[PDB]
Structure formats: C-alpha cells, structure tokens
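This document starts with one chain, in the form deposited in one PDB entry, laid out as structure tokens.
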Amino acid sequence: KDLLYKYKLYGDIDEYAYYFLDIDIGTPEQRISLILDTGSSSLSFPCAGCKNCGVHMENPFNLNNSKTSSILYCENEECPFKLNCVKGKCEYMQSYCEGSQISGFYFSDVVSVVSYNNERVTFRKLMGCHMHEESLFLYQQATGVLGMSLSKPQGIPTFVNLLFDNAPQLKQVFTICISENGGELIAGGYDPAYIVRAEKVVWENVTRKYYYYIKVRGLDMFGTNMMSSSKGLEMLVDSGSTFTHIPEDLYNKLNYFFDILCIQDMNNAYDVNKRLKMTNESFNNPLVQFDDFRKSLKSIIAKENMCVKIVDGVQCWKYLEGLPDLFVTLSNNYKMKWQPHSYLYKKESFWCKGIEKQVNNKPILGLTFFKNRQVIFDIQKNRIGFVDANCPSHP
C-alpha cells in the first residue's frame, strides 16, 4: 500500500556497461543522463566551460542558461564541507576504483526528479562540474554520474537524502530492478508485483553507516565452499560496477569449475570424452556434489551448449541451460541462489561470465548481482533486500 515513484532505466552490461536515467537540472530544465551509481555520493557532469571532457548524449550543462545556477566560490570565504579551494572555486574531485580521476568545481542548482507517472520532486543540490575527464569517461554515452549513497553528518547532502527530505509522502526506501536491457528505479518501496512466483525478500544489515556494504560468509558451487577465509567478506553493493569483483583465491576456484564447463571443442567427441573421464577422476569424491557437477556437464553436452572465451579468459556459452546456480551465504547465514541469468550477461548471441578478480582489495557485488532481482535499499532500517524479479525492460 506504499506510495511508489517509478523511474525508467536504460542500459545493459555488454554495450553501455552501466544503467542510466534522465533527470532535469536548472531553470529552465535541462535533461541530463546519469549513470545510476550506488557506489558513489556525488551528482556531477561536464559544464559548458569544459575544454577537456568527453562527448556524451547531451551537451555539457550550460550554467549561463540556468537562471537558478550558483557556482560555489571561496578564498574570500571558506569552503564548506572541507573542500579545496582552487582558483577561487570550491573544487570538485573524485577518484573512482576503475582508475578515473575527475576534477572540476562545485555549483548548486535546482534538481527536478519526475517519475514516468508525472510525480515530481524538486530540490536544490550541490553538484560538480567536470572540467577534466579521463579514460572510460572519454568513451561514455551517459553525460554524468548519479551517486546514490548517503549523507555524512557534516558532509554534502546527497541526492537520495534530499529526494526523501523533499518527499515525506514516501518511505525512505529505493529499489533498483535491472533487466538485460534497461530496468527500473523505484522510490518509496519495492513492487511485490515484479516478484517471481510468491518469493520472499532476503534481508541483510548494512555493515557501514553511510555506504552500502554487506557481509558475505560463503560462496558455493556444486556443494564446495570456495571461501578460504574465516571473516565474511565485506562487499560493496554497487550498481556502478558492471561486474561482480571477488578475491583472487576465490576467483580461481570458481574459474576452475567454469573452465571445465566451458567446452570449446564439442566437434571433437574424443576430447570431450577425455574431459568427462578426467572430471570423474578429479571430482567424484566427497569434496564435491559430483551428481550435480556431472548433471551440469551432461546438460551442456547434450544441448551442444558451445563455449567460447573472450578477454582475460572470460567464458561465454550459447545457452543458459546446464549452467549451475552459485550460492551466496550472507550474514545471517542465509544461502542465497545466484542464477546464471544474473551472473551471465548477453553479448551478441552468447552468455558471458560477469565475475572478475578484484583490484585494490575491493570486493564488489556489481550489476551481475543486481540483474533480474529487486535490490532493495531500506534506508530507514539500515538493511538491503534481495528477491528474484521480473524487472521491466527498456527498450
């Protein structure tokens, strides 16, 4: 019975490698496309002075054309929020995990968020103008980035806290529901009607106050626990991470099983049979649920589910059929099912593994953990929810 405001998301894993939405900024409104990013806190984009940025769907935001825009000046005053002051403006800067360094200056202006059912919420936000962009940002259709994390006590008020402060008719919950193509952002709750069958939401406490981290205790495949370490892994729930990132030790164990499932020479029956026998020797023992492993192999072989490899040895199958579920054990020791229609993504006519080794010791639950689920950010109760869903698609 909760009031829900719904926003269209566009995007995919293979071609965009993010999901984005449109927002209005300034007076009169300027439509701007933003990467939906629960892994950062800012709202930012190029602005018209920019001489070192990338080309995007929209022209850089034009400050002179917004009657309500206001650049944040300093060095005749102090920069609030402990920001740097360079050449008289409060400096915007962000280092991202992928390696991008984005810098510029801060300004505030009116933000208008409008649902596709014409429900409008409007407020001023302190936003960053990109004056320098880098690397992946130079090859990106989306114009800017919309961080969805929470405000710190003496920090910049973020989009999400502002949205709810100016929309008291909504409960402080946002849900991301991504498909292979586009998806949906919901403010005010989740939609039970999208839920598969009717399946129940699996809840976890967030492990840090202003960021979306949860603990993962185990990661099973064919009945084998691949996590070697005792402390649960603290993983960022990040819609701005194309893939799910895991430790090397963990990745290599999973990848060993995925390598065997990846048969690149089905035309070669002799070599296939050799793989089968090699697999029976190696894994027909109590360390593995061998039944399921052979079940998976036979399915893959019977349906001629050919595999090919792409960059860094990532495996791509013709079909989802035959691939096993992975099982994620969360904090309260719930064993959650991670299906191939999530951890594999569509690339051309194949389904490719959306799991990588981590960089900088940062484990991340990325879009391949969001896909075909409702991921529910219950800000009020400090928890994140997961449930299998038929998410909307765009286009």
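Positions refer to the first chain, counted from 1. Note that the rigid core is defined as the largest set of C-alphas that superpose within 1.5 Å between two forms. First, how it differs from the form deposited in another entry.
Just a single entry of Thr279, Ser115, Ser103, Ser100 exceeds or equals a 2 Å CA shift between the two forms, which is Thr279 (rigid core superposed). Once the rigid core is used as the reference frame, the Cα position of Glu248 differs between the two forms by less than 2 Å. Core-superposed comparison between the two forms: CA of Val288 displaced by 2 Å or more. Once the rigid core is used as the reference frame, the Cα position of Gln169 differs between the two forms by less than 2 Å.
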Second form
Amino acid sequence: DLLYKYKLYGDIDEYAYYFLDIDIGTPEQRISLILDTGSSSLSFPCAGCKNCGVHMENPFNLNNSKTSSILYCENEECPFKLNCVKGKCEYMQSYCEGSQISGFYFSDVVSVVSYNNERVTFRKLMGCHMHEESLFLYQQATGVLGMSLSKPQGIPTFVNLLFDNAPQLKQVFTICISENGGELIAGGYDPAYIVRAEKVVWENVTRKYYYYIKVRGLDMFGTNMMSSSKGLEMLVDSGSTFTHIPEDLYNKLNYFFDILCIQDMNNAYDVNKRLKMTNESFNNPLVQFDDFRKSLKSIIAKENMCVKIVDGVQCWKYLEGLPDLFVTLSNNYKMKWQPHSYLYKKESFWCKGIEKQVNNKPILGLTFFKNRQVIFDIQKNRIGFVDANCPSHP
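With the form deposited in one PDB entry already on screen, would you show the form deposited in another entry?
A lone chain is what you will see next.
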C-alpha cells in the first residue's frame, strides 16, 4: 500500500519528547511540533505573544501569511462551543503534567510533505499561544500536534483532516520511535522495519475518540505484579515521556530492580548478599525464581553496574542481563516489553523510565513505543504493536 513517511526528531533524556516539522501558511512557515497521541489541538506561539518562551522557531507570524484567518466571534459567540473573550474565540488547553496553554484560535493552510516529496494540504483550526507556563516555557519544540480523533461536533483534528484530504491512503498511522528520532507513517505500517518477520499484535481500543487499551496484568520473572482484578485502561500516549502505573505495581517492580542494581561490583559482601537470596528471602515471592538468578548472575558476570539518580531511578551500564517485562493484553496474550524499550539512554547509562501514575491515569508512554512500531488502525478501532528497527534522526 501507499505509505507517506515523515521524519521524527527527539529523545527521552534531553528533549523528553519526539517532534516533527510541518509547514503552516502561505508562504509556508516551518513549525516544529511535539507528536502527541494524547491530545487533540494543534498549537504554537504567534507573533505578539508576550508570555511565551524561546523555541527553535520564532512565533508564527499571522500577518505574513496571506491565508490566515483569526477566528473572531460572531454575535459574541463561537463555533464548536468555544468561548468568546476579547473579540476572539478562546483557545485554552490544560495538560496532565500541570501545564496550561491559552490564547485564541485561527485557521490557515497546513502542509505535510513526506521525505519522498508527497504532500497533503488542508485548512486547520489551530491555537495561538498568548500564554505559556511550566515545561512549555522552556521546551525547544515550538508547539504541539495533537494526534487524537475528532468528536461529533468538535474541532476537526489533524489526523481526520489528513486522511479526508488523502483518500489515496488507508486510515492508519504508525509511530516508530527509536533512541534518537524516529518516523511517522501515514497509510499503514512498514513491514520492512519489523525485526527478523514477527507478527503484529492487535488490541481493541476501549473508547471511541481517544487511544485507550485494557492491560490485564504485568509480569516480571513469571509473576504478575498488577493488583487489578479487572483491567487497567491505559492511554497510549506518545506525548508522555514515561510509562505511568499504579503505585503498588511500581513498588513491586522497584523491589526487584533494586536487587538487580549493584552500585559497586568489588563489594563482595553486597554481591554475596544478593547471590545468597532464595525464594524465601523476598518480600513478594516469584514464580520464576530461576529466571531471577539467571538475570542476577548475568549482571554480576558482565559487571553491569548500576547507579541511582533522582528518586531511586536505576541506571545500568548495559542492557545485558536485565529481564523482560510482560504485558498481559486482553487476548490473554503476554506481550514482551524489553530493556531496550523501558530503559532509556542517559549519557553512558541505561535508565528505567517507569513512573508512578498520578490522578489514577495509567499511561503507556514513549518508553513503551520505543523500538516498536505502534500502529493506530483508525478504520478498525485497533492499535497494533510489533518489534521494529526504527529510523534514527540524527
């Protein structure tokens, strides 16, 4: 099938997000945007902003675009149930990280060009930032590109507009995140990228307009750490640096990642203390004890030493020896989550990128996308996963 391919840039340790370039307006102004399957808006600062940080590109200049239209209110009223303030339809977006971006809406021409020179254009309603706070003030990306789906009487989103204006493509997009940059694919997924070929693992979405799936358990050394009787409904969110899970599952995983974190390999006491542990030593016993020792001995043998950074986040010198995690999907299929995904590159170490959820919002984030193709099958309401050799940029 026809696949249009766009370059993604970024990383987990320094940017904390991945981003792409799109052209906005006539003549085009190149604007870099965080790729976020967890939000619906497309927005960035606009010239004349007074409460905005400095980003890779200068604020979008509405006066230089022959095709921009500020969405002024008619009869002090606004389409899409938006609110009128000071003559313009107000843009206002809060994120779970705590950030609140605000300003006003405008429309202009959006232009998306693959690196094979294939181009989709359309008009989009977009937000001008007149106020930024929190991480937005200090990030390098100029704005955010929400990748979620349009609602019945809501603002048509980028993804829906993109496919409405490229009927030559199948309604599927794929995100291929590597350690540095990656690729966005419109039209399907690339089987050439699959490792070896392994089979795509499919899961049904659980809400009509957002990307959620049900995770029925999470195993380490054959042992389910998830306490949830029913499932967890998890957002599949490329705009979330880390994966976020309940505190109890977090503390169990951390209990064994600590055992596997040895800060000084020449302390024979500490190494011997660990190698002496039995199934009975643990707070929580394991069903695959033999696999735990296989991992522990591999770490000791290769001298894969560990340092703890801010908050007891373990960082190993090698991927070698760390265990696989296994995510139980609704199939009862147990999907492999390897160290080259859930660890992320920070300088010369590999650091764990798994955090406590907040607000009761579990999230599958960038450390779950990494070194995978994540396949958003819009027409069939499913999301697919397969291990992949994702492009890198730079």
